[PDB]
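All protein chains but one are shown at their positions in the complex.
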Amino acid sequence: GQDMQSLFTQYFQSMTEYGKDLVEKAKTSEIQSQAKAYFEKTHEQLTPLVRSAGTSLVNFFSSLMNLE
Amino acid sequence: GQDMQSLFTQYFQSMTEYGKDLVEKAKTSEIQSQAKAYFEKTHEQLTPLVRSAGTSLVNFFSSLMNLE
Amino acid sequence: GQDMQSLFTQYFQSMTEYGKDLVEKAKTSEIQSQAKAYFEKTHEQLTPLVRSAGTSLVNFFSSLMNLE
Amino acid sequence: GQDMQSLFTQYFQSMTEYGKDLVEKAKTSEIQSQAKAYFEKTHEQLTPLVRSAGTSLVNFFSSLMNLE
Amino acid sequence: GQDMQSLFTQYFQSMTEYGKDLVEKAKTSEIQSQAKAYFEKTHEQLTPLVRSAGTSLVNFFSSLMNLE
Amino acid sequence: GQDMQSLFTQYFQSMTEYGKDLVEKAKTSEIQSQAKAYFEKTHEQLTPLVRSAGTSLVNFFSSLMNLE
Amino acid sequence: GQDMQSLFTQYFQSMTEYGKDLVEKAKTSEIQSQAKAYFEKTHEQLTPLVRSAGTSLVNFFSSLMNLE
Amino acid sequence: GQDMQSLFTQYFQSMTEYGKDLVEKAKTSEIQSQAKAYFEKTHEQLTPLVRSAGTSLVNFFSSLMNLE
Amino acid sequence: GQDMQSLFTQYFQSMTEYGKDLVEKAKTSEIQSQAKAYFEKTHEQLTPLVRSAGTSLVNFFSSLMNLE
Amino acid sequence: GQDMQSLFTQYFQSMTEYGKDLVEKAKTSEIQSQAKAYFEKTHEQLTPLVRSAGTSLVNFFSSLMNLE
Amino acid sequence: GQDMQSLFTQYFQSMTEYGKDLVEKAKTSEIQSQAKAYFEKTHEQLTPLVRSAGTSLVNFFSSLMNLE
Amino acid sequence: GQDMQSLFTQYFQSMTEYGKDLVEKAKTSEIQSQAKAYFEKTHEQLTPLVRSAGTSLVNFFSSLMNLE
Amino acid sequence: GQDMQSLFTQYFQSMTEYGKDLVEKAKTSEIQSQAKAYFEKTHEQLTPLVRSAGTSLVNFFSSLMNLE
Amino acid sequence: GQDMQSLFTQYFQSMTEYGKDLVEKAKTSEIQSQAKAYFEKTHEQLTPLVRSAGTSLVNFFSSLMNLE
Amino acid sequence: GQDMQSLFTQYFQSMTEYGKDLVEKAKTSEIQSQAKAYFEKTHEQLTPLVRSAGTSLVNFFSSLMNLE
Amino acid sequence: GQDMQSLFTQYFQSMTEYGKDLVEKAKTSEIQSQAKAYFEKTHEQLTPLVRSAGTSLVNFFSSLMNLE
Amino acid sequence: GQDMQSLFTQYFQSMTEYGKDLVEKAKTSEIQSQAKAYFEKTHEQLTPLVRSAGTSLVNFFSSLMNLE
Amino acid sequence: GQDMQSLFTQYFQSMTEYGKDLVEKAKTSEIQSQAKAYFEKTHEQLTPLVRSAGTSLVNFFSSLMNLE
Amino acid sequence: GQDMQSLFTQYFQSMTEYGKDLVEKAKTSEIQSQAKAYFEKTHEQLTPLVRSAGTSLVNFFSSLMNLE
Amino acid sequence: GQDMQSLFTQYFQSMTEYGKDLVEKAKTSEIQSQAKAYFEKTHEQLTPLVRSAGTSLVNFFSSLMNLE
Amino acid sequence: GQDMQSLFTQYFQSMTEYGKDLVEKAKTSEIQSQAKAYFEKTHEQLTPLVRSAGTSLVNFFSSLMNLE
Amino acid sequence: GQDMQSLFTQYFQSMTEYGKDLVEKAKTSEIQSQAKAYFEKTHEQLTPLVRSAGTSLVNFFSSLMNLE
Amino acid sequence: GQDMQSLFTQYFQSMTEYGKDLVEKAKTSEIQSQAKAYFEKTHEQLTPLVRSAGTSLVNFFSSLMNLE
Partner (left out) sequence: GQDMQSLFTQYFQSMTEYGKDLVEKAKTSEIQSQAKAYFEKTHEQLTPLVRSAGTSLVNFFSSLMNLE
């Protein structure tokens, strides 16, 4: 059949600001940090950590992710 | 059949600000941080952590995520 | 059949601000932080943590998420 | 058959502010934080934590989430 | 048959503010925080925690969430 | 048959403020916080915690949520 | 100001037949004819002769039709 | 100001037949004819003769039709 | 200002037949003819003779039609 | 300012037949003829004779049609 | 300013037949003829005779059609 | 300023037949003929006679058509 | 003079258990906690909080505690 | 004069257990905690918090605690 | 004069356990913690926090604690 | 004069366990922690935090603690 | 005069365990930690933090601690 | 005069264990740490942090600590 | 077992004169004389002749005084 | 077992005169004389002749005084 | 076992005169004389003749005084 | 086992005169003389003649005094 | 085992006169003489004649005094 599973984004005579992480002043601070830190014996199969207009597209067709 | 499972976003003579994480002043603070910290023997299969206009599209067709 | 399970967003001569996490002053504070901290032997299969105009689209077609 | 299970949002000559988490002053405070903290032997299958104009669309077609 | 289970939102010459979590002053306070804290041996299958104009759409078609 | 189980919201030459959690002054206080705290051996199957113009739409068609 | 002088026609799960001139049998007949025939020294300035779901929109903004 | 003088026609899961001039049998007949015939010294300035789902839009912005 | 004087026509999962002049049998007949015939010294400035789903858009911006 | 005077036509999972002049049988007949015939000393300045899904767009920006 | 005076036509998973003049049988007949015939001393300045999905776009920017 | 006066036509997973003049049988007939015949002392300045999916674009930028 | 303001405790061939805070089982409980929590503009001059065989001896001789 | 303001504790052939804070099992609990938490503009001059066989002896001789 | 303001503790053929904070099992708990947390503009002059057989002896002789 | 403000502790053929902070099992817990955390503009002049058989002896003779 | 402000500790044929901080098992825990964390504009003049058999003796004779 | 402000500790045929910080197992933990962390514009004049049988003796004779 | 056969004499802020043989005037006299004089073949085994605050302690543990 | 057969004499802020043989005047006198004089064939085994605060302690542990 | 057969004498801020044989005037007198004079064939085994604060300690451990 | 058969004498801030034989005037007198005079065939085994603060300690460990 | 058979004498800030034989005036007198005079065939084995703060310690370890 006909399948459209996509990100469709069209702009016409437009103005768009987006996905901006803006620090003006920082001191002894941890600001906007994407992190994973301290894992032990963990089993993660589809965990996309995403931020600030970044993109993660996964198209599995008849595929097999096996973590045995 | 006909399948449309997509993100459709069209702009016409428009103005749009979105997904902005903006710090002006920070001191001894932890501000807007996406994090996962301390996991032990965890089993996570589809956990998208997402923020600030970022995108995560997963299209599994006849696929198999096996965590055995 | 015909299936439309999508995010349809159209703009016409419009102005839109949205999904903005804005800090002006921070001191010894933890402000707007998306986090997961301390898990032990946890089983999570579809838990999208989402914030600030970010997007997470999952389209499973005839697929199988198996956590055995 | 014909199935429309979507997010339809159209704008015509309009002005819209929404999903804004705005801090002006913070001191020794924890403000607007999406978090999951301390889980032990937990079984969560569809728990979307969502905030500030973020979106989480799940379209399972003839699919199977098995946590055995 | 014809099925329309959607979020339909149209704007015509309108002005709309909504889903805004706005702090002006905070001190030694915990303000607007979406959180899950301390779970032990919990079984949660469809618990969407949602806030501030965020959206969570789940469309299961002939699908099976099995937590055995 | 014809089924319309949707959220239909149309605006025509209108002005609407809604779903706003607004703090002006806070001190040693816990204000507007959506939380779940301390669960032990709990079984929750459809418990949407929702607040401030956020939305949670669940469309199960011929589906099966099994917590055995 | 805000001015909406338009033809707004929306259809939702509907069936509509309209503006249909259907002849099955005709003999030596004049059937459903829009015509103007024999004018002499006539002065017509806005005369829309319309039929069968046809449309005629006149939008004059600060304009001048002068027949001197 | 904001001006919407337009033809807005949206279709959702609908079926519509319109503006159809269908002849099945004709003999020595004049059927569904749009015509203007025999004019002498006529002065016509905005006369839309429209039929069968046809459209005629006149948008005059600060303009001048002068027939002197 | 913002001006929308347009023909807006959107189709979603729809079926539409329109503007159709269909002859099945004709003999010694004049069927569905758009015509202007015999004019003498005529002055016509904006006369759209339109039919069968045809379209005529006049957008005059600060213009001058002078027939002197 | 922002000006949208256009023909906007979008199709989504739709089926549309329109503007079709179909003759099956003709004998000694004049069927669906667009014509202008016999003019004498005529002055026509904007007369669109349109038919069968054809289109005619006039966009005059600060222009001058002078018939002196 | 921003000016959009255009013919915008987008197709998505659609099927469209239009502007079709189809003769099956003709004898001693004049079928679907666009014609202008016998003019004498005529003054025509913008007269688009259009048919069958054909297109005619006039975009005059600060121009001058002078018939003196 | 920004000016978009164009013919925008995009196709996505679509099927479209249009502008087709198809004769199957003709005898002693004049079928689908675009013609201009017998003009005497005529003054025509912008007269597009268009048919069958053909296109005619006039883009006059600060130009002058002078018929003196 | 002779002043004896003391804690005199003598043991002879004795057995004494005292001041024991003993928890065997605790769950989601706050057990035996000495605390002061949330004071604002408070003036406390001699407030000994004491527990579990702890001791607080204050001997002021000709001294002056001034809280001005 | 003779002043004895002391803690006199003598043991002779004795057995004494005292001041013991003993936890055997704790879960999601706050057990035996000496704490002061959240003070604002407080004035405390002699407030000994004491617990579990701890000792606090204050001997001020002709001294002056001045909090001006 | 003769002044004895002391801690006198003598042991003769004795056995003494005291001031013991003993945890056997802890999970997601805060057990026996001496703490001061969040003070703002506080004035504390003699506040000994003491626990578990610890000792705090203050001997001010003709001294002056001035907090001006 | 004769002044004895001391800690006198003598042992004769004795056995003494005291001031022991003993953890056997800890998980995601904060156990026995002496801490001061988050102070702002605080004025503390004699605040000994003491624990687990530790000692703090202050002997001020004719001295002056001035916090001006 | 004669002044004895001392720590006198004598042992005769004795056995003494004291001031022991003993961890057997720790995981994702903060156990027995002496700390001061986050101070801002604080004024502390005699604050001995003491633990686990440690000692802090201060003997000021005719001295002057001036914090001006 | 005669002044004895000292730490007098004598042992006779005795056995003494004390001031021992003993970790057997640690994982992702912070155990027994003496620390000072994040100070800003702080004024500390006599703050001995002491632990595990360590000693801090201060003997100021006719001295002057001036922090001006 | 525990055996206390001792002379226990403690003094607290007391004044005691005792065991005093004071002669002021003596002439040809025998005053306060402890004596044994003229024994012949005598057998004395435990005969304490004691006077004036003198002390005689006999502690025989499993011993044997044999006068054979 | 525990055995305490001792002379325990403690003094605290006390004044004690004892065991004093004071002669002021003596003439031809025998004053306060301890003596044994004229023994013949005597058998004395434990005869303490004690006076004036003198002391005689006999501690025989498993011993044997044999006068055979 | 534990055995304490000793002379324990402790002094604290005390004044003690004892065991003093003071003669002021003597003439032809025998004053305060300890003597044994004229023994014949005597058998004395433990005879302590003690006076004036003098001391005699006999500690026989598993010993044998044999006068055979 | 533990054995303490000793002379324990401790002085703290005390004044003690003892064991003093003071003659002021003597004439033809025998004053304070310790003597043994005229023995014949005597058998003395442990006879301590002690005076004036003098000391005699006999510690026989598994020893044998044999007078055969 | 542990054996303490000793003369323990400690002085702290004390004043002590003792064991003093002081003659001021003597004439034809025998004053404070320790003597043994006229023995015949005597058998003395442990006879300490001690005076005036003198000391005599006999420590016999597994020894043998044999007078055969």
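Observations on the structure shown:
Per-chain residue numbering starts at 1, and chain names A, B, C, D, E, F, G, H, I, J, K, L, M, N, O, P, Q, R, S, T, U, V and W are given in the order in which the chains are listed.
We take it that a residue touches a chain if its C-beta (ideal position, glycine included) is under 8 Å from a C-beta of that chain, and two chains touch if they have at least 3 such contacts.
By the touch rule set out above, chain V reaches the unshown chain at residues 11, 26, 53-54, 56, 59, 61, 63.
Contact residues of chain R toward the unshown chain are 2, 4, 12-13. Touching residues on chain W toward the chain that is not drawn are 1-68.
Keep in mind that, in the parts below, only the chains that are shown with their structure count from here on.
Just one of B-D, A-B or S-U has an interface built like that of N-O, with over half of its contact pairs in common by residue number: A-B. As a whole-number value, the distance joining the C-alpha centres of chain M and chain N reads 5 Å. Centre to centre, using the average C-alpha position, chain J and chain T are separated by 146 Å. Chain M has its Cα centroid 101 Å from the Cα centroid of chain L.
In chain E, 1-68 are the positions where the chain touches two or more neighbouring chains simultaneously.
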